[PDB]
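What follows is a single chain, given as structure tokens, in the form deposited without inosinic acid (IMP).
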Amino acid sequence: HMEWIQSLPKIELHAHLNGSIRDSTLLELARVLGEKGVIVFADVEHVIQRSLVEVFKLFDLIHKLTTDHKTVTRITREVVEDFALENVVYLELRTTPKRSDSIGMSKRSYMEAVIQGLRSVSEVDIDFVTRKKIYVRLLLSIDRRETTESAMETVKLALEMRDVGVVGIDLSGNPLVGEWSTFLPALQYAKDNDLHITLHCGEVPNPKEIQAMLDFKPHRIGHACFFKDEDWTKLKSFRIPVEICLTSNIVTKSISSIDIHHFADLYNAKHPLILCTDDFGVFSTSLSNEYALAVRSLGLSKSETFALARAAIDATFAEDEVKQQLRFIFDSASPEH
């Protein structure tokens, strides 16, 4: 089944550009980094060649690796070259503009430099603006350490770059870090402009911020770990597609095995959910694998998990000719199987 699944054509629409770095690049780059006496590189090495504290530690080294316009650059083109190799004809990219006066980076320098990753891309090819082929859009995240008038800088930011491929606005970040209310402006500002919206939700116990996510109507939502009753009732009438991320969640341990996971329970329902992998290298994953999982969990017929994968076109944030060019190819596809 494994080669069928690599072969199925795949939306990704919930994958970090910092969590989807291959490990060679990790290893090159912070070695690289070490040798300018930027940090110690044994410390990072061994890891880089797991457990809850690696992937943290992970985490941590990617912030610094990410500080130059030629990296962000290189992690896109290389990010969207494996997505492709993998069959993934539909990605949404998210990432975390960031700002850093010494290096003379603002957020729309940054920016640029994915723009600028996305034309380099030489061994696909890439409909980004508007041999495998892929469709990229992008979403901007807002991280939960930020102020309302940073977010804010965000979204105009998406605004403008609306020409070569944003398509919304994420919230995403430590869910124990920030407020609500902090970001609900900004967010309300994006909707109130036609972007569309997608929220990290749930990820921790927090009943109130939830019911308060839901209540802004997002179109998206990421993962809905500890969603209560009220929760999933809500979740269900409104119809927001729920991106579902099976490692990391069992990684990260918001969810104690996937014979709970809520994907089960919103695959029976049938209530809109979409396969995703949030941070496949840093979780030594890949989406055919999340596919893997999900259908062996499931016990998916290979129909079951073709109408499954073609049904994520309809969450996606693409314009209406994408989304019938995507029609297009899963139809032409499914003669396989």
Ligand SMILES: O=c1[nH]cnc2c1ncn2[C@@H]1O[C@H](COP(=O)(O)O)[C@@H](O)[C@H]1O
Second form
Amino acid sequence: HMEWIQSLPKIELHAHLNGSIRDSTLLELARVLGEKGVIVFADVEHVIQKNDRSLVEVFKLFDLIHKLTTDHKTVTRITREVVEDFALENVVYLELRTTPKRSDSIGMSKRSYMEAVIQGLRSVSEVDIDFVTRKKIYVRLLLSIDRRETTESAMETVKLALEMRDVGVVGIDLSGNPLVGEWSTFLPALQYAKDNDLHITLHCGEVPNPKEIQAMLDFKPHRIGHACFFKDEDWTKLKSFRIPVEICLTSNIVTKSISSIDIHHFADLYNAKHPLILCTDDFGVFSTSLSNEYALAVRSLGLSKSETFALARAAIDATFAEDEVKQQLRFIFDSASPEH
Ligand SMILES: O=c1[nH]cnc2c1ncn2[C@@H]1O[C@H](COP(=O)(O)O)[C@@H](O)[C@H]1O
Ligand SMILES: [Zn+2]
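What would the structure be for the form solved in complex with inosinic acid (IMP), rather than the form deposited without inosinic acid (IMP)?
Below is the entire complex, every chain and molecule, led by the chain shown above.
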């Protein structure tokens, strides 16, 4: 069964760039930076292997990753590697999200960080890529606002995303530590993005926060991530607004946001015929792949091949891609439909 899942064409809508790095690359970068003295390799490798990746604790790990990866040449490298890995497991469409970074000591701006991501996409050679406007993969980009940021800084990210629509930026994400920051800080920037026809996805309900969950739903983003701590009134509103949910099974269970796959809300959403999309979140941090996520879901719901194929194909109308791309995806899935 895992073989048929691996060959299934798949759509990834929730994958953070610096959460998707290969272990071998992360440790290579750790070794190099150690031998330069920027850090102590044994300690860094130890936080890499020891971190329990509970929620509070995952964000410590990201602060460490960012010390290893915030340089233009590294951004380019990991962008290429992430696209390759997804393409190799037959992801045919990827929305990759990343937080653009500022770092004055190396002359890195949010814009130059993103230019390094584009360079990564241009450097992809193992597979064919469409990112502007042999496996082939369509890639489009989401710029993330981190909940640590100010309204002004969030607006800088939205302005950059509008400038980069010609190289495949299609939307904005709100992510980062859900215990930090206030919705009122980010709402004005997200509203500007939405009024400029960017699509919006929000990390929503990663921790209990009833007023924030309601405010995010009332904003009517185009998708939401996770929804782990929704209450009944939140589900009612979500189902009537028809906002698709990006479901991250391994991430949710590992962080203990959801106590087990047998109670995970994706089963309720599936049976309610509410749109959901299986995603990896951070396949490096959480040691998974999109195929493995599909395998967990197929086992837990007991889906047949055709039900699984139908679920995978349903994600097309949740993408933020232009209509021409969705028609190509419909052709890719229609072409694969009888083998499933
Ligand atoms: O579980 C999650 N919840 C909220 N934010 C996350 C999660 N996983 C990754 N991220 C965000 O994604 C970033 C890592 O990818 P980056 O944006 O490419 O730097 C982190 O610094 C977080 O802000
Ligand atoms: Zn996420």
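Positions refer to the first chain, counted from 1. Between two forms, the rigid core is the largest collection of C-alphas that superpose within 1.5 Å.
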(message) Please name the one residue from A292, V55, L298, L308 with a C-alpha displacement of 2 Å or more between the two forms, using the rigid core for the superposition.
(response) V55
(request) Classify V44 as shifted (yes) or not shifted (no) between the two forms, where shifted means its C-alpha moves by 2 Å or more with the rigid core superposed. (result) yes
